[PDB]
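Next up: just one chain, as structure tokens, the form deposited without its partner chain.
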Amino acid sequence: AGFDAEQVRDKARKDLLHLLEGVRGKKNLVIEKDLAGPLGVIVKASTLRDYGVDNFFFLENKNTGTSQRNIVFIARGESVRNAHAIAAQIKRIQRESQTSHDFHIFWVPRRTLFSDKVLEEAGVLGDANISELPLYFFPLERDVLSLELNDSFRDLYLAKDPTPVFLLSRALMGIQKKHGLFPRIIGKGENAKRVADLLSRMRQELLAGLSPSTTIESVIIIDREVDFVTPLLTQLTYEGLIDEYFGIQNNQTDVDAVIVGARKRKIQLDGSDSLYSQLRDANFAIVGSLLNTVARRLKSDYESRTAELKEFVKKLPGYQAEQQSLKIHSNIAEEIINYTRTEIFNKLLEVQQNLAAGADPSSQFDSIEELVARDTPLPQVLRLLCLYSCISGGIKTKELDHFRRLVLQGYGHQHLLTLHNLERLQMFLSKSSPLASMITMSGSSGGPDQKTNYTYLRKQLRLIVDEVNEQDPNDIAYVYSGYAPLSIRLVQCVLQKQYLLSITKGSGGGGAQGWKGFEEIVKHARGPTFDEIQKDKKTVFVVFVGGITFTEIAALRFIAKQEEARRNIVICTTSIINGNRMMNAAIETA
């Protein structure tokens, strides 16, 4: 009766395959490198072959073949870069003749004016048959939908491109068209508010036949800028650390070849593996113990004491898969264990946990300087400086100038750009800057965009949970060993008020809706608080504009398990983000 992630995949594959069915004959396929990964989430390469794909090409390789007269470009239309690349590629192909003279472009999801103009301005516009592929959300898991806009953090927060926000609201409207209006549109933050506004004005346009869902409870929209502190921190879940040290993209990562046990190899990382399903959301401290329990259960099943010989060989493939999974994750865990034992890592964690806990950030000054002396990697130092700034309402000017110098001398003068970019993103500011001040009620004002108050909210939303036990956690704070992501505490102000009241005020009636009971507190997080009513169990879509971490996902699944009876939780996002990705946005954007 309600939403299911599998229908998004089916529609996506159907939509793509139909367009491939419109290009009659076999065809060559040119794809934006970044789109290639997410496309694999909805269709298998073997399937594309069955629909006439002779060869596959990455647009950026600039080496499209001749073997087939049909050429198909698949790329994002919002990208200024792609419009040029495709035009260049058509002209370069046309003049290496007589090769392949039937061009198609599938723009994702929408044809833009800028793109149509570039093609015409290059002359090739009357040569390509242009379609539109309405792919928005890619379902990475049953409970995780992603726009897979890996540059959207930079695009939105640095470059001020509104496109990620527009695309997210269209994706969200799509769901309303199929399952009814979200009864409630709830959220925090300037960009999340704009998502609501665009959802509103889109509805208003349709009335020119759409009713509240019977199967959807609400949509909660968190704006990532409300809480930079969470991504800056080192993630301490299993998947979180795999992301921190190896990097996860399209449900995959690359690891040294010795790790897979027979350059580096690619490994799949999703819920189809029974073991990873149990490991990914666990605090890394209990992973060794989880592996041990699995290995033991495995040894026990093997030892659990004709034509059962042929039964054995049929079961042979399932035995390697389990074995291979256990072997690979044991090897990864041992790798991460090594990393987390170094003095640099222990020193890092210490400064992060102190700042997070609320120690005077000046008391961490000598530690930070020592981290620079030891040449710890640039992204890790920058993430500390940002945490410092973001958590304490800016850095003391005199310390800022010192840190600024250490960074430039230690890692290179080019990083003056990096720091200016961190300044534009408002994660590296002096206390003397008006933009740096956190929200208070004794705050006078100024402040069009006053910042989240972590000093106040640490207490009021109980960001620090000293007691949490990682072996059978009782609180989302487990994802950072004692620290609770603010973003998800905000989701809890809506979804688990009984519980949240229980651990902050007492006497946790508290099963009604909106931000009731938390409005004055949530006023101290950045941007607008909103709650808009539009006039089996139900799904709550929890949405992040500007990126979610694997730790927030783990914490959301934790809550999902507790809320199992009453709700289903579906996580939506413009992309999956982490601390390193944010620093890269600042480093690489000239």
Contents of the next structure:
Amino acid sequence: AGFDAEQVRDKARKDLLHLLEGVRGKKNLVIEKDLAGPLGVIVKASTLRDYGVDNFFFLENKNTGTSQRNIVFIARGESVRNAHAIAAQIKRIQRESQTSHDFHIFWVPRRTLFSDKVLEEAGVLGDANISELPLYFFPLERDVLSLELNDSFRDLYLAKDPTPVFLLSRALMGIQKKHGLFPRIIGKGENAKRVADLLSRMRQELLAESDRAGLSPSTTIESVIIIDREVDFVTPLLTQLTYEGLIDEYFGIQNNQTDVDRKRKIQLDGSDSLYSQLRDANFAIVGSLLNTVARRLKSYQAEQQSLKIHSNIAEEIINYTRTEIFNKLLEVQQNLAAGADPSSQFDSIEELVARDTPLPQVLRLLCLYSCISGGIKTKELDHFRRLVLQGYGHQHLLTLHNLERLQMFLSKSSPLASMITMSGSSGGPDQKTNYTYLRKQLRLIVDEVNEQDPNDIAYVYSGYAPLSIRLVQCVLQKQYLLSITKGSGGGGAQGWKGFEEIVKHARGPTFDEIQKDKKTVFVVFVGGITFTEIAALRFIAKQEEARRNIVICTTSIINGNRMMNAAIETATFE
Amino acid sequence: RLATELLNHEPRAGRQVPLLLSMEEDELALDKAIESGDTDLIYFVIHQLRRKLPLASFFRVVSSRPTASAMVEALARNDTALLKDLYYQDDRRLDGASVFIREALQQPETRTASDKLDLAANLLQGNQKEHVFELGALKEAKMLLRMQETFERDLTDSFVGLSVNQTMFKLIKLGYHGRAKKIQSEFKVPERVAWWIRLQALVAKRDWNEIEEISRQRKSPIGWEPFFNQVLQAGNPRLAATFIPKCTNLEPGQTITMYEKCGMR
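Okay, that's the form deposited without its partner chain, but what's the structure of the form deposited with its partner chain bound?
So here's everything in the complex, that chain up top.
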């Protein structure tokens, strides 16, 4: 009777088909490009064909098929780019066809007052059947839910756009409408608090005029845990060392798919038996894992071709990990994460820039430096900035400025760079996470951990435990977390109890709100989650399998390169 | 005065904003829209205040609220004079300078492009709270593409747009002597950086006469071990084996690996 990721797909599938039948007859389909990916998760192109869809088109391509009369547009509502595109698509067909053509628009997930104006100030508003398609979470896996907002990191942290927070709140509220209120809303970070505040406000607004019933606490849901991405920039900045992590690092993963060398699309999800075992494993054991599987098969048909696919992928990743540049990148990453003097890594960074390694990889090192050392020394700062400019272009004067606005690349003399301390008085409401303090207090460095049979979440970085997941363990696995530091620590209550002093040294507000068989816990990431953090959560989920069900929710699947691209200027003085 | 007070705690925090807006109760309507977290509502208030209030009054209200300030800033980027006005009145000179730099990247000619960079430098002067680096950077940028323009006129190849390092690399690969050293000297490129670029360029050029000539000197700022590795791959194991044993800081156990992979078993 509890929550199931499959019912989310089912609802999403029937919400769309109900609208595809609302339009009577046959229809051509024009969809926002970055929406087409997530849509493939909930419905196949074959099913859409069985409901009257002729051809498929992209909104950005501006070439809607004149063929069928019914022209149905499907795009995101809050988007500014889409509202003009659809209007410019109507103009570019209302006077450029021959037959009448009907226009239907499926906004995701709501019709906005902004979109009303854009079509109003285009005149094409009156000739459109506006419908709402309540799509929010896209179940990438049975334990992974995503809003699939691939620009949410840029919008939230660079552009300060609260849209992803609002959409995530509605999605979370939708779960409460069906399964009951979250007994506890536990979280860490400013945007985590903003989601909690919205859940409270939306609840009281649901009581409305006319009075409504109200909501009772859930009996199948334990609690919700919300982690703000800006609390732990370090983890995604590091190079992911899991198999799926390295695929995302090297090839890049979008909508459970990747492009190896037009190019071939490789499906990457849990439906494949072999990939379910490989995706979370540290890449160092992939070769041995592949050897065991291959020998078992020769000693159940898709596994044979899956063996060839992942043997080819791993072989290419192995080739990449053997390069001097890669190992140099890891060397700087490991030293900075371990706690070594950041100044000692200068010559290595200078070499990497000199060897013309890709800009995102260099910027990630600089941001790792800044975010883990509480800013960069003034003398070293200008030297770093000079290397970037004359190494990649003076155009990146904007790139460095964007990283400054993101507060990921700052001077030590800047008040925004200061890490939370208990000695240096108060000051700074937005003081940064103190990794120097947290490295010891939370055992961020575990040089033990064998990769053949991992015993801690630190295996996803070959010795480094993600701060984000460590904070989750402060709530979910208090005994274990104490055990790897203390011992002899009733005992199993919720909240941040036992670790309030430690979490205090992490960025943002700390909260634990009480709203008045095994249950499910929602671990929500605002600002993005990496595959390593997912793999870490799955590791923990296996340990809590008898007492808890764990479902991962997020605004998007993030990585180091996606973060830098939110800041990197692409224009190039030509 | 009373009619505004009664709405301050009920009901749907989304339909109190149009009511507050009609009563000319600005800011309060914007604050309520912001606290609602509804993007659609925040725009509606901003668009209303944009057409009703003077730009100056509009900026003040919007500047006090970071979320509202962000949206106005976001809408203008997708407007340019609006951005400059916003940043100037809020004393955000780094943001204003970024607008001019962003305009320079869109200029069809380096002459007009450098003029935009000059406008950016003008903004960073005055007050100048640690803007020394940016002023020198914009100076280098104007310096760089002016020299690259000379290269295109002489060498009939493409150079405008490349970084200092990329310009050195292409210059060395084409074997254009101290022209790369002139670029290196003018922009004060470090010794360790310049020698890595030169090494990579000569290897991609297979200029093993120049590499051997470089091996004919004593010290190396990056060491001779890079020279060993760089030459070995995609090149001579024979010429690579020249740099051993010049490689000072080594294994020190032992030396075999280098002599081993050089074919010499």
